[PDB]
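Just the one chain here, laid out as structure tokens, in the form deposited without the ligand.
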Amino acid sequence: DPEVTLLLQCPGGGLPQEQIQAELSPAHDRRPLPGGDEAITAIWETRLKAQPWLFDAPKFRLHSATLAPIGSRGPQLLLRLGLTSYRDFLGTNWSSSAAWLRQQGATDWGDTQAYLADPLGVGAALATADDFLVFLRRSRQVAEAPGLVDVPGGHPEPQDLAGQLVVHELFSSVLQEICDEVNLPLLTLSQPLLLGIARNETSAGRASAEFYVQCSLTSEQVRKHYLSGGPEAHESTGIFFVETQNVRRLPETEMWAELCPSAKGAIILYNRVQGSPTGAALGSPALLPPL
């Protein structure tokens, strides 16, 4: 799957909020473009002069993520974050010239991402009480990944000493995106576990943090909540469910070609971190069928 690369696979079946540190620093920001950031401003002006109701918004930028030695005590992950914006994303990652910016960054900085906005997304592998994962169909009329299958998620907007509030905002954001799009009560959701981070190579390498969330409702109940908002309560055009049993071989199905890159990353990380048992009982052939 060349359109998705794993940047991080978490240990222990996934990390809780209390095990993660963030360093938010302007050293983790995008570098100014070689010929100047005026190129970004020109793309933005052209867009606003066609769609004057659009607005900019701040975003977190992923610089890097370093895992502690496995089995250690104390904090397990350090996320190095900067700040970026929707405007800067449109002028870099989404630009027709994004590959030229990646080559220039390798030359100038030894960093293919140095000239890219790289806003951090969030996504969830959301499990029901009757052991299905939740999928969403994207509208065929949007700009990004039209008509494709997604999982719940979004791109969080900003507002270890400011570090811990940043980690809290990331974990909050994945729950809030589930509540806003799927119309589930907050009290039916578990605290998220971070499974890992994946990159979308069709979008010049922008990354998403992928989480596992459990819901106390069944698939039928989740469907009822989603539909009861009406067509204006959700951006997606439908909801559907796949048994966790069957997510194991999803990359061999015809559904795989219809999944957007960030949703593929969520499912790869679910299968590696939550599926793939390590002990004798769950590894036995009747519970882990061969092939």
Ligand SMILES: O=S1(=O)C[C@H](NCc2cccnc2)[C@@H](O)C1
Given for the second form:
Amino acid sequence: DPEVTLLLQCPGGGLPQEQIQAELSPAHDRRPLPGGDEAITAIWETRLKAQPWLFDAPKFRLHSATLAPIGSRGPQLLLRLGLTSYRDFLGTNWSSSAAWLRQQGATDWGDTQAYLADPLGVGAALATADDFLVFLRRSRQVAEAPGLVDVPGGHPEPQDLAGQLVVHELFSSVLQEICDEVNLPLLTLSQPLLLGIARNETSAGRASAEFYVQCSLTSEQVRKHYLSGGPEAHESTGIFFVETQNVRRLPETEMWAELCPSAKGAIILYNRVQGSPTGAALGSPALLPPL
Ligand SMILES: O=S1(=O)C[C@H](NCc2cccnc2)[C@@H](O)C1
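Having seen the form deposited without the ligand, please provide the structure of the form deposited with the ligand bound.
Entire complex below, previous chain first.
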């Protein structure tokens, strides 16, 4: 699967909020472009002169994420974060010359990402009470991955001693994205677990944190809540459900060629971290069928 690479696979079936540290530092920002950031300003002016209702927004930037030695006590993950924007995204990751900016970063800084905005996404593998994952169909009229399958999520906007507030906002944001798009009550959702981090190579390597969330509603009830918002309550054009049993072999199905890269990330991490039993009981052939 060339369009998605794993940056992080969490241990212990996934990491809760209280085991994660963040360092939000201007040392983690994008480096100014070799010829100057005027080139980002020029793409933005052109875009606003066609679509003057567009507005900029701040984003978190992923620099790096370091996992503690497995089985250790204390914080298990450090996320190194800076700040970027929708505008810096449009002028770098989304630019036609994005591959040239990756080569320049390798040459200048020993870092393919040094000249890229790399805004941090969040996504969820959202399971129902009746053991299904939730999928959404993307509109055919949006700029990115039109008409493809997605999972719930988005790209949080800002606002360990500011770090903990930043971790809280990331975990809060995946639940808020589920309530905004799927139309579920907050109180039907578990606290998220972080499964890992996946990179979208079709979007010059920008990363998404992938989370596991359990809902107390059945697939039937989740569908009712989604539809009862009406065509204006969501950006997606449809919702559908796959049995957790069947997610295990999803990369062998015709669905796989219709998943956008960040949703492929979420399903691979679900399969490795929540799937893939290690013990004798869930390992036994009748519960883990071979092939
Ligand atoms: O947070 S972002 O900068 C906003 C962006 N939205 C999709 C999009 C794509 C191309 C042009 N406009 C919007 C995220 O994919 C990254």
